[PDB]
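So you can see what is in the structure, the chains are spelled out below.
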Amino acid sequence: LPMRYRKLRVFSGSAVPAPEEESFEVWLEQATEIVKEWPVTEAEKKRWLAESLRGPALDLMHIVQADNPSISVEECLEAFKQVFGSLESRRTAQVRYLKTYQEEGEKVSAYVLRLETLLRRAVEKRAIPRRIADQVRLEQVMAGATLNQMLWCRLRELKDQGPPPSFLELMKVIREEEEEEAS
Amino acid sequence: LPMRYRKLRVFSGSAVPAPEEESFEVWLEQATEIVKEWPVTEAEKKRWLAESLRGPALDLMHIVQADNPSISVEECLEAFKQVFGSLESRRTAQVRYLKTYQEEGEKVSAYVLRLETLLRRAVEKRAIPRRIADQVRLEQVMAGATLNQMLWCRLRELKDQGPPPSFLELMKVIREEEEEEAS
Amino acid sequence: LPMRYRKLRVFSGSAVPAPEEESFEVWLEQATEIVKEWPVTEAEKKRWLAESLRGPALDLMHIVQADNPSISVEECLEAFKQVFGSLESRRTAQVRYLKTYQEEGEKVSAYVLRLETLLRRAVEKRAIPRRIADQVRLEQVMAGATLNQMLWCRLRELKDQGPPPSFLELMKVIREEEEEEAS
Amino acid sequence: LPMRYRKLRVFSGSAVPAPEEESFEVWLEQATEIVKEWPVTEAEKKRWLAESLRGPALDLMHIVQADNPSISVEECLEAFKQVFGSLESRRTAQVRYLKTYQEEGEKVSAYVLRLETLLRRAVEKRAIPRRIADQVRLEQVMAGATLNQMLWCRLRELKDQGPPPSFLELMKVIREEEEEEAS
Amino acid sequence: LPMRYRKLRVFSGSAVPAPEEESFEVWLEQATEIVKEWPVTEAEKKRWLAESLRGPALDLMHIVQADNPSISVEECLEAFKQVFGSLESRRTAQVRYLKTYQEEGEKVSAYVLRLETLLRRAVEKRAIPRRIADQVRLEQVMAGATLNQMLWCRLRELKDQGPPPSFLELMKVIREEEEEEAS
Numbered sequence: 158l159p160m161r162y163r164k165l166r167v168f169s170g171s172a173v174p175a176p177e178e179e180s181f182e183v184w185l186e187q188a189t190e191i192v193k194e195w196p197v198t199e200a201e202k203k204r205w206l207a208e209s210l211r212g213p214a215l216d217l218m219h220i221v222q223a224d225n226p227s228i229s230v231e232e233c234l235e236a237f238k239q240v241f242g243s244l245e246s247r248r249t250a251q252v253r254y255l256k257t258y259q260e261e262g263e264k265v266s267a268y269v270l271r272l273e274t275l276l277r278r279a280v281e282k283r284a285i286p287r288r289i290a291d292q293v294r295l296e297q298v299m300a301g302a303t304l305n306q307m308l309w310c311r312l313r314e315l316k317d318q319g320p321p322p323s324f325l326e327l328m329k330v331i332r333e334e335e336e337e338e339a340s
Numbered sequence: 158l159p160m161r162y163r164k165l166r167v168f169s170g171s172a173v174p175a176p177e178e179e180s181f182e183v184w185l186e187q188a189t190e191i192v193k194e195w196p197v198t199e200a201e202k203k204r205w206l207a208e209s210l211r212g213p214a215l216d217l218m219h220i221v222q223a224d225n226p227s228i229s230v231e232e233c234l235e236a237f238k239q240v241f242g243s244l245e246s247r248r249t250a251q252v253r254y255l256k257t258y259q260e261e262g263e264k265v266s267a268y269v270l271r272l273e274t275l276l277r278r279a280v281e282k283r284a285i286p287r288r289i290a291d292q293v294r295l296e297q298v299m300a301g302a303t304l305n306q307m308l309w310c311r312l313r314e315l316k317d318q319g320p321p322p323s324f325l326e327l328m329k330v331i332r333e334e335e336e337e338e339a340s
Numbered sequence: 158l159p160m161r162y163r164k165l166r167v168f169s170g171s172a173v174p175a176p177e178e179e180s181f182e183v184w185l186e187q188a189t190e191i192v193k194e195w196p197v198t199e200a201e202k203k204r205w206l207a208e209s210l211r212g213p214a215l216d217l218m219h220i221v222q223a224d225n226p227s228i229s230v231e232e233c234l235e236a237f238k239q240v241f242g243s244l245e246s247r248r249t250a251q252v253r254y255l256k257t258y259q260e261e262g263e264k265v266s267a268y269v270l271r272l273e274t275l276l277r278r279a280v281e282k283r284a285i286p287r288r289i290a291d292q293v294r295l296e297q298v299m300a301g302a303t304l305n306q307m308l309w310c311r312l313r314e315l316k317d318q319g320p321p322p323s324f325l326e327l328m329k330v331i332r333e334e335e336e337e338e339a340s
Numbered sequence: 158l159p160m161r162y163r164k165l166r167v168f169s170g171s172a173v174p175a176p177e178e179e180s181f182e183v184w185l186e187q188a189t190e191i192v193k194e195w196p197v198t199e200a201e202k203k204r205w206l207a208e209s210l211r212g213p214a215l216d217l218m219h220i221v222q223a224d225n226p227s228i229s230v231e232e233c234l235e236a237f238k239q240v241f242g243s244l245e246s247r248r249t250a251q252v253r254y255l256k257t258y259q260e261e262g263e264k265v266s267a268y269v270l271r272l273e274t275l276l277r278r279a280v281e282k283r284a285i286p287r288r289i290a291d292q293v294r295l296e297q298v299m300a301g302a303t304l305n306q307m308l309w310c311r312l313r314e315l316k317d318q319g320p321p322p323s324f325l326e327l328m329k330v331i332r333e334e335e336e337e338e339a340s
Numbered sequence: 158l159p160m161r162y163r164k165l166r167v168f169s170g171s172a173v174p175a176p177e178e179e180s181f182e183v184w185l186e187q188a189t190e191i192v193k194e195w196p197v198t199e200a201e202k203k204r205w206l207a208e209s210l211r212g213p214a215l216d217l218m219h220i221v222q223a224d225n226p227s228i229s230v231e232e233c234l235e236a237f238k239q240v241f242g243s244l245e246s247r248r249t250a251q252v253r254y255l256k257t258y259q260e261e262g263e264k265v266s267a268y269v270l271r272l273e274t275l276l277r278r279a280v281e282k283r284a285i286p287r288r289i290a291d292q293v294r295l296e297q298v299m300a301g302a303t304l305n306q307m308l309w310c311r312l313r314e315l316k317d318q319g320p321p322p323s324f325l326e327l328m329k330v331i332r333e334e335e336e337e338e339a340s
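Protein chains in written order, with the entry's author numbering: chain E, 158 to 340; chain F, 158 to 340; chain S, 158 to 340; chain Y, 158 to 340; chain B, 158 to 340.
Read the hints as simulated data drawn from the structure, not as lab findings.
Every residue gets a Cβ at the ideal spot worked out from N, C-alpha and C, and that includes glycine.
Careful: at least some of the hints might be erroneous.
Heads up, incomplete: computed chain F residues facing chain S, CB under 10 Å, no partners named [claimed, not checked]:
#1 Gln-222
#2 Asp-224
#3 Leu-244
Let's have the full structure, built from the sequences with the hints guiding it.
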């Protein structure tokens, strides 16, 4: 049998959130689900929507409704996106990707996962053409990582051995090299 | 399917509450819902009402009932408002609004949201006429904020370009100016 | 729809309880409800009763049952009252009331609520006649509080203007005087 | 209506448990209930049984099953008792009782409850004959407690006034003497 | 009646997890159950699967789906095993077992349980033949433990008295020797 009901994800909109809160992009997934999918009455949608909000973000929702009583939940979410959503230039998406380097004590397979989230944003905002993202991924790994020289021998084969690797192919080759023998 | 049942909001009435408690004005929303809407028996209403109370506030509820056994939940909430509700002069509503200035490291869009809660109280208590609240909002932002001079050029257009802006219009113009370019 | 099920109130019987526990007089309300009202089987009553106990208090319940297998839940609660309940002389109820004075930084309306719990105990235990409790309340407020002199002018009217005030009447007159004007 | 479902009691088997865990003798009550009483399918019994285990204790359960696939839950609990249960000589039960004295700031009624748990273990393990446990209780209270001399006058009546008192009789006489008068 | 629904086990994939998280080998049991057994719709499986993930591990799941929309839950778990699963040579399994010695203040029955988890891994990965695991267990206990000399007399009988003992037989003989007499 399906286990315990799952708690709502949550969001404050604060300049420094609590470590249990989500990104706006993820709270907006839960909110889009509640709006589009749930078989529920409007005031019960609105009480489930309201129950997820904290911080400053809870405080906007009342102001917007009082000034327009005809507001649907589909319209109220459009006001919520303007105040708490995100604005970022093409140049900022591009510069924020290319500046990313491996940290102290971070593993190479941890770095290559962290770096892949930034490459998707830069391809959405048309900063990088989708035609060349697999070449741009390999060039940035060899630029930013602290590769051991047996790993260096393999990545230099992938650079030359036909087309550039996919994400899961590159991630496999890295994992085979990360393992150490005990003493 | 609708997710986990939602916890009751809570209130102590203490001089310093726990950071999880609500304002009396919000606990009184939950209490007004339980009183007016829920399809429930009186002793079960009263056990749900009681379950939300803590601090000193829990302690009043017994005293009031013993001295009048005929008391309805509609009458018991009227006694609760007298002891824990709020009293504020017209002059205090007006002075408490006009004294409000931007804090250290606070953003201009955070300040303009914080300031809008105070303008609604002052218009309820008839301190500010509802006829002029959109003019009074722009005059207080230019008085209290630490505007950069490219933002200053735009707000001085809004001051002259016909009628004064609404809340969401002003909030849009501010957000377009707050964003910075990376290096 | 009625919201989430409510957690059991709890009791340790310890010399210093955790701050989440209740007075014995309140845990005994929940226990009296479970005994008298719930439509449940005996071993399920006894498992709900048991689930609320902690500290030393949990440890008594087994000893009492082993020595008398015929024990009903109505009889087992009578043993529980003897060991954890309260004993207090008429003279201690009277002296513990009359010694009560306003604390550092406590408000007058907070003091007059705190003092009313003690006057009910002293009238149950026949230390104070129920005929005169409204006179005894006003005499103790003027004895124990740190009244400002505009409040002093009003309470000295109530002392002379016919019969002494009720609890909610006195509490109204105090609240009208507690409010301050901003600068 | 019966209130919220009750959380499982829990057990680690560790040399120092968390303060929320039970004695093995109490986790084994919950486990005996799940085994004998619940109207449930075997793999769902085994998933409820498993869900209560932590620490080292969780880790044994897998090893035992792999080496004998025909194992019933009635047989698997017999292996669990051998590794985490308790072994104690007749002489250790007797010596551990007789050495028990009142602590700093402990009340006499708290001591006489704490001491009664130890007398039951010593009568199970046949160290003390059940024929004489009420005499042995009074002799140990007068040996171990720090009695005031008005309490001393009453316990010396109980020693001589026919048969020795029961547990609840002795506990009543002690409670009547513990109370103090205010000043 | 079966008690409260049980919380999901959880996993971050982080280099240092929170102390409430499981090993990947145990989160993968819960995930294999959800995939194979639960009578549920695909998007509700995927929302239950997703709800258990945190840390870096939550972040992989989106990337994999976007690059192949035809992916089943049976295929998505195969990608999850490659990135977060475990790689270990035959020589590392063997060396990691044989190096294991008793710690400061650890009991002999606690050591012999801790050591048995390592012997199962080394027999899965074909480092130790299953034909001889009961001999290899006794040789490692006499090598690694700090045995008292009355325990030494008994284990030297088991070494010679026909076939080597099973796990529960050896664990019984150790437990009979660990107990001490009070003073």
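>> Please list, smallest to largest, the hint numbers that this structure does not respect.
In response: Hint 1 contradicted; others consistent.
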